[PDB]
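J.: So the chains spell out like this:
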Amino acid sequence: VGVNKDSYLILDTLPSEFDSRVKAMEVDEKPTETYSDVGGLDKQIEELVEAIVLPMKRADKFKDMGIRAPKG
Amino acid sequence: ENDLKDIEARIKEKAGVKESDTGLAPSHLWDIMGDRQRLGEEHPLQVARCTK
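Protein sequences, first through last, are from chains A and B. To convert, note that position 17 of the first sequence is 17 in my numbering; the numbers rise steadily by one, no gaps. To convert, note that position 12 of the second sequence is 12 in my numbering; the numbers rise steadily by one, no gaps.
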């Protein structure tokens, strides 16, 4: 929260604090390298897409299936 | 021999110990811009850092 310094009263609410090194983890218009920088080893790619990307987007099917999310 | 030992300490004590401080001969006037930095608030700043 905000608190008025002069006389301590909640002024407002504010979003939660984060430490400075954690605020730069974010994207800032990160460049892509897409699959055009990768030739050979397609199998690896396929496993990655199934594990991470599709349980995000296809997160309803996952509940249908009756299983719990992957943590990584 | 012992009179020598006694007089070295005496010369040292009377000369005194002092702390060297830097100077500048091309500054014979420094309170043409020293006075502006002095005595009001224009301000020396409590340094902070953005966290969000």
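Treat the hints with care, as some may be off.
In silico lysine-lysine, DSS-like type, Cα no more than 30 Å apart, as pairs [to be verified]: (1) A:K71 / B:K14; (2) A:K71 / A:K43; (3) A:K71 / A:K5; (4) A:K23 / B:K14; (5) A:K5 / A:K23; (6) A:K43 / A:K23; (7) A:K30 / A:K43; (8) A:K5 / B:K12; (9) B:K52 / A:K30; (10) A:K43 / A:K57; (11) A:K23 / A:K57; (12) A:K30 / A:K5.
Hints in this document: simulated from the structure, not taken from any laboratory.
J.: If a hint holds in the structure, say so; if it doesn't, say that too.
T.: Here is what the structure says about each hint:
1. A:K71 / B:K14: With a Cα-Cα distance of about 77 Å, the restraint between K71 (chain A) and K14 (chain B) is violated, given a limit of 30 Å.
2. A:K71 / A:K43: 21 Å, holds
3. A:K71 / A:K5: 42 Å, violated
4. A:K23 / B:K14: 62 Å, violated
5. A:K5 / A:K23: Status holds; Cα separation ~26 Å.
6. A:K43 / A:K23: Distance ~34 Å between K43 (chain A) and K23 (chain A) Cα, so the pair is violated.
7. A:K30 / A:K43: Given that 30 Å is the threshold and the Cα spacing comes to 25 Å, the pair holds.
8. A:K5 / B:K12: Not OK: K5 (chain A) and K12 (chain B) at ~56 Å, beyond 30 Å, violated.
9. B:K52 / A:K30: The hint holds at about 20 Å.
10. A:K43 / A:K57: Since the Cα atoms of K43 (chain A) and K57 (chain A) sit roughly 21 Å apart, the hinted pair holds (cutoff 30 Å).
11. A:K23 / A:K57: 25 Å, holds
12. A:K30 / A:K5: 39 Å, violated
Of the numbered hints stated above, those contradicted by the structure are hints 1, 3, 4, 6, 8 and 12, listed in ascending order.
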